[PDB]
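Remarks on the structure that follows.
All protein chains of the complex are present and in place, except for one that has been dropped.
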Amino acid sequence: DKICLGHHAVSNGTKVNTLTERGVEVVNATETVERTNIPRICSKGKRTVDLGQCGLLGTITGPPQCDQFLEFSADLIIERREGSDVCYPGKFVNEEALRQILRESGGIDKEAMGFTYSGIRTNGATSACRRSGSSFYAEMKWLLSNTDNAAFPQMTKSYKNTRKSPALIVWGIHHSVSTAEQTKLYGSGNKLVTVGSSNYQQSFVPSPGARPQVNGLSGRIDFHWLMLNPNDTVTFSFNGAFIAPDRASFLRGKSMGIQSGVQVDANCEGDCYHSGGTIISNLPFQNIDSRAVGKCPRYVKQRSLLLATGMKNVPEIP
Amino acid sequence: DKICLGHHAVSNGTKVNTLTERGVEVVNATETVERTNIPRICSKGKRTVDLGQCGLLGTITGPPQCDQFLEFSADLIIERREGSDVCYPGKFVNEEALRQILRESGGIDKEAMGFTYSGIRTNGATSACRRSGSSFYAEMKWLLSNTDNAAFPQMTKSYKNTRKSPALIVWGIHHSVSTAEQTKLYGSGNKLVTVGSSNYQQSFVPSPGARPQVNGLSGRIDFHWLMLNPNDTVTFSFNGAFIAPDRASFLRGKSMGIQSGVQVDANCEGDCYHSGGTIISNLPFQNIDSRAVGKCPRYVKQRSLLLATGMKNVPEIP
Amino acid sequence: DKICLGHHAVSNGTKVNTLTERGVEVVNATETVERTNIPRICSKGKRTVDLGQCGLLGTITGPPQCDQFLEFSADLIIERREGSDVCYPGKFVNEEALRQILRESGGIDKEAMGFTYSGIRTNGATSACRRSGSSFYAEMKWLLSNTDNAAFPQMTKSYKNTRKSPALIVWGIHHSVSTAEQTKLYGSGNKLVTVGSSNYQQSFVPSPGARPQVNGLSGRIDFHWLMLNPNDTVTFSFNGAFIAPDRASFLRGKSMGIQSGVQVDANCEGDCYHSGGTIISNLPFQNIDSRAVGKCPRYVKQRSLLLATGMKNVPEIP
Amino acid sequence: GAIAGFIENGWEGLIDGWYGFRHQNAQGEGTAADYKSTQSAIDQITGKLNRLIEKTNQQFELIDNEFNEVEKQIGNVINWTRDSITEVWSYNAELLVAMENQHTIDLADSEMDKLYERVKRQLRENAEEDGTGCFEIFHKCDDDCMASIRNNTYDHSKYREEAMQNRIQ
Amino acid sequence: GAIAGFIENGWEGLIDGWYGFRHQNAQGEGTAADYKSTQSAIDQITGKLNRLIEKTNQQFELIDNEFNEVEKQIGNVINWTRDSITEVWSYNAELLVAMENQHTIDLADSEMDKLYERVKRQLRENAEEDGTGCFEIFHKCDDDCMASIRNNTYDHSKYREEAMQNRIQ
Partner (left out) sequence: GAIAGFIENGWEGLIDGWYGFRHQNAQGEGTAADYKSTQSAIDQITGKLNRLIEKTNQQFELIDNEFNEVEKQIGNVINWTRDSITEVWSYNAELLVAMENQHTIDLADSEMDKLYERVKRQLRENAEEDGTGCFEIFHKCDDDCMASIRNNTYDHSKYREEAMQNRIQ
């Protein structure tokens, strides 16, 4: 008569690593590193906007591409590679800092700044901003002299933020293809634009000159921005080459922005994104994308790290 | 006859975590995460200066608020929220880099740069720098033309650092409310200021224009700085709108700077600070402030991580 | 009759640390923290260039010191402290970003940009760039007016990158010692230089003024650069004070750059470098240099961390 | 036609538990799983699993741009920081799993010993170890007796006379 | 009115030590703490504590500003770096304590076994395990005899005849 103590075992053993051994067989194991990607943006539960051809910074200035998004609202914001912030060729100064701000803004609320003009044209337009016909940035006014080569009057415009949130203010400096063109638009002489706040002081001079044709145009409009504190005032002093704002922007609340090249899905629910889709996993680590954002498992180099969920496998003596 | 082997146990058991269990009782445990804050700045043993209304950068230029600190010496430097670097409205370029430098300077030693002037006023003053009457920055000279609208002579001033430590040099560009005011002070025509070293080259043009009233004033003075290497020379070329230095600064030794809103205590001895006070602890971690500075336990998210200091608690069979 | 079970032991025991004890003796241990430095740059297998007196940025502009390296090729690039990017006094804007780019370029391929000039001198030279006699940067053209004080014609030059890699383009702004000297070289009036791409827009004005003598000279040439995308074009608009490029640069492939002050060795084979030499080790950590680059063990504070390679040492009862 | 326990070999037939009993008597051979030891091991392993599921509430946002590349200097600083942090987590991950796996294996070996030692203490002086994880029982142990050992209702006093006799001669 | 040892239950009355002895003889019941096993455990635990007290000499200074907020881009890079480093230390802290606690518990269980096994080796063939962490002593063991076991001065040769007799019949 005999009684033996034993433990189970299999022929289906899987190898893992320990402090000592490499490839020690255990009875059962599970993966800790996620590699399974969902090639969609799972947006269920999240108010989602697909900017498409609209560049994120364009939502503030308003090229034709962004007409739908001038006061957009979102929990999840998606930039696309085809997106463009611009109709008339140019770029923002400190663009990326501004993008990062808008990605978590929750969208924007626009409000008129109430600038009035006299002895001056405001209908500056271009073929590059076609909206039915030639037009311009929807939130901006392209100011000219009045006739041609005529002198541009020195002007001063101010705006106080009477709200409880900071106001996003944007203006543009126009760089003509030639001093001849600058003169034709704003008159002769040097041109100066000053922007004053109570925590901000900057200055701007235009730079006329030949540049490569972009959208058929060799002129550039570069945009500038500041955040205006509550009850603070911005003042604009200028005498030409100034792209004035018509409305200011106010951040709605909270959101998250991503850059992606895959479709959206409002059926799937997710919380960790990358340009290739959504990572839904309870696993502590992932090997899909290091730049993934949201609430994510930590990115690792290894594609697989097996965690033993069973004892060491010891084959039965046959 | 019988002998039993056993171990102690309690009814006062405290729960901890392991690799496997969550809330396993042990006989005794201790906290590893500090949460106990001392709402004071424990300064015993440390030479401490409470800048109060004086902004740290103000110690170099010298508004009335910083008259006590023009050549201050410290082991521990404390900035306050009410502090201001400025009397006449303005700001430093690259301000934060300069603050970080002064926080560990050990204080400053001032030395005359020995600039002499002719055909020019140097008594530029303002109501915003009231010191008995109207005055100006103590370490700076506000240069004017001579009468009013009169031409400002082109000037060139140089200064060699004959010491073994780098010299902190500061100058200012004045931005008038209008070109009319700029002309009244420095004469007509464009204005240029050039600053040359042997490792530094920069240039400056003033930007007259209307700005919001700060301290009743719509003009701005923005300050610039460089570090002058030993035996190297700085040269100032200018023709107006130039706020000249009178003295240079030399760093005394070593210190640490903090920003705080609680009182100072010269009785308590500390080495880890945050805006809310001092963390004195032998514990490896703390959950008080992530931005705490000095010699500190590492900041963690968790408020509590209990370390077992005793065996597993097993209640006696009643 | 008796049989005993035992384990080996020594009098030559070495102390290590555990979770509990500090200085527990084990039979044998080995070091995990490398401290053994090879005071050479082990370059076997790697195509190595020792720039010596040539500064890395100088390889693009071409002072006499870099004549050997104008189209250099390397796997390993070594900067030296005596190196200089400059003959005529000046510096690059965004210098360090450019250095970081060249350190991993694999060297540079130069290609003519094909600029032609009329009504203008191009033989701008200086005593500071002595190459047999007075000369200038090898890859650049110092443009003047024609006679003296004569007007500099407005010019516009463009260049398209017809290759599949981005082109490194460099130009210079000349800052004269005085407006008198600026006028003597480029004529009277304000001077403007504009640089336009399809992703880049900048502008430049010279700043004449007295500066400390460097290499006997008080003028400064500061260099600027951009990367030109394939099929994109850069356009230069200027009327004086412009240091034009003659050739563009193309990155060869892949390399690594280091800064060192020790000799080179083509016999030793290495992969982890610092300014003091090469770290060759299978150990996981090192305590030699925190800023070491290449493929390295992780830097640690401790000079020694002994790993037990044997059991606990228990002395025999005598 | 002998049976053996742990110590050179597991049992591929024990399919209703992790640890178990295998006996042979006049009634034949049998195998049953022990609940308490198996459940202890499963509770500890699942305990590990849940601990590794505890999600983080830290949210991270974009710090650079893969359409419009950021400025070189700040971009290289960012990449250098990220790659540094990735090395750290890659190391942490590797070490965590290796450490946990070593512990999973060891506590499993531990449970096997605790079961064996328990049975040894039940049988007292009525059995001897065969050296393969089994006990030679020096008395008649039918299926009912074998079952009594498995549920700790075995009273060694009942078989002690009979067993000590057979052990001594 | 029986006594029991470790294995289902500790002793809330053992208040002068961590590990101890509990006996019953004609003189009655008694409990005393073992010094060597208790001191070993305390030395190892305090050893852990001191290791976690070893302060760092690395000093850190302000890298941003909570009165005058730094520039957005460099500020977001800084926040992203700090939060990343905080996640790392939060993880390290959690893992360290969990790991140390598992070890503290295990080495404590180990000391209990070493004490039990030592006593088992002292008593040789004069005792049997009852299965509750106790030894049934098959001879007369008065208080002086019980004390001799506690200080390892127990000579099993002295009681072996008497004990083996009572064990066999």
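In order of appearance the chains are A, B, C, D and E, and numbering begins at 1 in each one.
Please note the rule applied: a residue touches a chain if its C-beta (ideal position, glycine included) is under 8 Å from a C-beta of that chain, and two chains touch if they have at least 3 such contacts.
A.B. asks: Using the contact definition given at the top, list the shown chains touched by the missing chain.
C.D. replies: A, B, C, D, E
A.B. asks: Based on the whole complex, identify which of C:33, C:185, C:195 or C:243 touches the chain you can't see.
C.D. replies: C:33
A.B. asks: What residues on chain E make contact with the chain left out of this view?
C.D. replies: 51, 56, 58, 60-61, 63, 74, 77-78, 81, 85, 88-89, 92, 96, 99, 103, 118, 121-122, 124-125, 164, 168
A.B. asks: Counting contacts across the full complex, list the positions on chain D that touch the omitted chain.
C.D. replies: Listed in rising order, the touching residues are 73-74, 76-77, 80-81, 83-84, 86-88, 91-92, 95, 98-99, 102, 128-129, 131, 167-168.
A.B. asks: When the complex is taken as a whole, what residues of chain B touch the one chain not shown?
C.D. replies: 94, 96-98, 100-101, 298
To be clear about the criterion, only the chains that are shown with their structure count from here on.
A.B. asks: In terms of touching chains, how many steps apart are chain B and chain C, taking the shortest path?
C.D. replies: Minimum number of steps from chain B to chain C: 1.
A.B. asks: Given the two chain pairs B-D and C-D, which is bridged by the higher number of C-beta pairs in contact?
C.D. replies: Comparing B-D with C-D, the pair joined by more C-beta contacts is B-D.
A.B. asks: Please identify which of C-D, B-E or B-D repeats the interface of A-D; the criterion is that more than half of the contact pairs agree.
C.D. replies: Interface equivalent to A-D: B-E.
A.B. asks: Roughly how far is chain C from chain E, centre to centre by C-alpha average, rounded to an integer in Å?
C.D. replies: 59
A.B. asks: Quick check: how many Å separate the C-alpha centres of chain A and chain B?
C.D. replies: Computed value for the inter-centroid distance: 33 Å.
A.B. asks: Give me the residues of chain E that touch two or more other chains.
C.D. replies: If we look for residues of chain E contacting two or more partner chains, we find 45, 48, 58, 73, 76, 86-87, 92, 98-100, 102.
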